[PDB]
Amino acid sequence: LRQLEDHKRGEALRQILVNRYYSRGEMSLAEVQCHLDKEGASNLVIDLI
Amino acid sequence: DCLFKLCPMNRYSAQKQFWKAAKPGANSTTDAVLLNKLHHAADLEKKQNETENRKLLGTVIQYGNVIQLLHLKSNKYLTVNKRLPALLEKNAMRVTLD
Amino acid sequence: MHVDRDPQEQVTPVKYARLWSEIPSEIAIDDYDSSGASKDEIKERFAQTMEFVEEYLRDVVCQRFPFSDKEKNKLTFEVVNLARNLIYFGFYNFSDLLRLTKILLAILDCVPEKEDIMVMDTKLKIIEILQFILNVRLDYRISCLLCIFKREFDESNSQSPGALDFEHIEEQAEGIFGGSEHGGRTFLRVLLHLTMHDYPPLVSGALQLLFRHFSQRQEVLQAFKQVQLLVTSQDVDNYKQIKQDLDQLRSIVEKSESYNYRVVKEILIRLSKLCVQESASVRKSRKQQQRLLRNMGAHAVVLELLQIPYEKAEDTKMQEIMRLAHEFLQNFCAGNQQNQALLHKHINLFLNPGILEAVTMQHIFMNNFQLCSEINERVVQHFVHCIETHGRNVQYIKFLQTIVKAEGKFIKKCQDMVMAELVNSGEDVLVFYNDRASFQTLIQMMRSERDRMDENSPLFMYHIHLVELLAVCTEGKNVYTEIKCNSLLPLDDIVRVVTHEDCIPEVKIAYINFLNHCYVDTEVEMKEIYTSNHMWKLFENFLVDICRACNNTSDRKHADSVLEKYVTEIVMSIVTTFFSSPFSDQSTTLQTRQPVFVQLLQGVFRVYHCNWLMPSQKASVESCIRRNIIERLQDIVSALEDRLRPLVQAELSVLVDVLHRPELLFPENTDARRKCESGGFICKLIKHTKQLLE
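Listed in order, the protein sequences are those of chains X, Y and E.
In terms of PDB author numbering, the first sequence is residues 1724 to 1745, 1786 to 1812.
Going by PDB author numbering, the residue at position 21 of the second sequence is 75; the numbering climbs one at a time, nothing skipped.
In terms of PDB author numbering, the third sequence is residues 788 to 898, 960 to 1008, 1025 to 1045, 1055 to 1130, 1170 to 1538, 1598 to 1665.
Looking at chain X on its own, in the form it has when it is part of the complex:
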């Protein structure tokens, strides 16, 4: 058990950090990309290339 215990302790550290640093909206790949394009993430790529 190598890749499972590491995942467990990583999830534990992540959860500890989340409740330390803290009506949440839904999330999906179909919405974050059009949100990033709405705020203009296309222009950053097309000017950085």
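Take these hints with a grain of salt, some might be off.
[Claimed, not checked] For the chain X half of the interface with chain E, some residues (derived, Cβ under 7 Å), not all of them:
hint : residue
1    : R1732
2    : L1740
3    : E1802
4    : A1804
Because the hints were derived from the structure by calculation, they are not lab data.
Backbone N, C-alpha and C define an ideal beta-carbon position, used for all residues, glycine too.
Given chain X's structure and the hints, the job is docking chains Y and E onto it.
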């Protein structure tokens, strides 16, 4: 002696492959199938190399392209090989005829 | 006026090259090794000043809660400039600037239009010192790490096991990094607030600080990997000149065009003098003590200089540096295989020239066995066509004498590597001689002048003097090819009579050792009898020359070497008593006994060693009647990098969560959040991202 005939670029892709594979270095590897097909590919490459020379017959040339000089009375291109230095001036790059 | 740099200067807190003198002490942030700052002559002149800035900032956090732009900032800028300049000169303990920053962070979070430049500069200075405080807790954390490592290692020390150490690394990793209950949660809030702003260059520093707060474990692991370069507990300057010369080297590799050029030759001379490290000594207690110390990463720096960015290969300023750099690189790998195998991955740079860059391959392969036995089908076969088409190089021809040829008998599997060039070379570079080789060639070599005529460049005969390469590769014990080698060979029995026509000592030595290696090879040789009756004649007229040279009263050196070389022939396979090989008759037994005793007499009478005298007596008589912490730190950094997998989960997930967090009880008000959360935080983030390319 001095006459040189101009030419276009000549692609050497399968010809160099055949010259590399036809010289037995250490293994002396020969093949009735691989070497025969390689020789056929080199011959076809030479034929399609020649068939575009007649296509590019009247065409001006600008400074910046490859020009491939050909000796007329010898039918022999003049080449510059990177490995071999000149015989007389021993810091140079020798020219030959191939 | 008070920071005029007369007694002091700015010192970075992340300094390297720790010692054994302060790490046995396990104390918290209250005390350090220096226990403060400089001596008691200057601290009292600033002690009454230090409380002033603290009282002023404690008043600022009291009654400047909304903001101030009414010339109070026209004093806070000067007081934080004074604070910043006193931080950089190291007049603080860690217990003081922590108190400064635990209240300094609270003065900003009490919440494209143009604004005031003055507060922009104030915020730039304070984020600069917030950038500094993260660079001093790194040194504390590294110090505590090797302190607890030393105390746990010496608790279970087996020297004047490691399993007890491994159960604590995860414990301290989960204790001192997380799992608490060091600004806290409000540290990131002011970072986000400063990031969401107008377009300064301040936001670049704030965002770099935000990325510096995260990704903390991998960077402390990398720093801890880099800082372990322990020395013999002095380090007064020993690493310092190497480091400042490397930094001097950093400015003379990319572009040499000319103030920078005049430094290169001097610094290469200095680096070579430091690298040779008293070669006339035992080369163990002085060379190896400092040999690992420039193996900190100073390997490819010289190679980047050697990567020839400039191509002016005429007679110019190339030769003033390249020969010296080559010599320094030869001194870099003359110690052992640790540097040799490390440089063995860069064998693609020294292929074509054969003049100056061939000395690297010439000298790097002295006596290794497990590195030069792994030669592929491309390295030694690169030089098969480089022997031709470039002349015969005397300097190069000693290289393949070392990589492949022999130490006695080297190996059998590389005989196909070294012998297949003879049939691949259609030019047949290995010729014997022409018909005029008697005096038209050999009268100029050493019959004219001695001392190798300014370092052995004749271009003609040493290419045939180095035929011991051809002689002993398969003639030791290999039964690979006997007919193939002997067919193109100079046909040994024929070439004897042109040797006796005119004798030359070096060519004679090469001929006798070639013949000795040929005869003692195998017992499956087909022809022996006419090789045995004719070697008697050369043995007789060579013992005549040995007796002639024996009259010299220790006034020669070639004869002694010749006698030693001929000693093995006497000690080689015994003679035969068949129809041929006449059994040492009157004409044969009268020269192999009486004249051999005198040969050994001169050596015994002279200062010659008895190592070769004994074989002559036995053969002549017989023939008549007939500091463990270096591995420990590597083990520790390996065990520390073993836990990198949960770090990715603990890092990337919290990053993508806090970038999905612009608004969650930030002050949870209304006026400061509808600008904050409108899909515009990432908008300003990527707007600043495209402006940082310049």
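Quick rundown of the hints versus the structure:
1. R1732: This hint holds: X:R1732 lies near chain E, its Cβ roughly 5 Å from the closest one there, short of 7 Å.
2. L1740: 5 Å, holds
3. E1802: With a minimum Cβ separation of about 4 Å from chain E (threshold 7 Å), the hint on X:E1802 holds.
4. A1804: Since chain E brings a Cβ to about 6 Å from X:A1804, closer than 7 Å, the hint holds.
When held up to the earlier numbered hints, the structure conflicts with none and fits them all.
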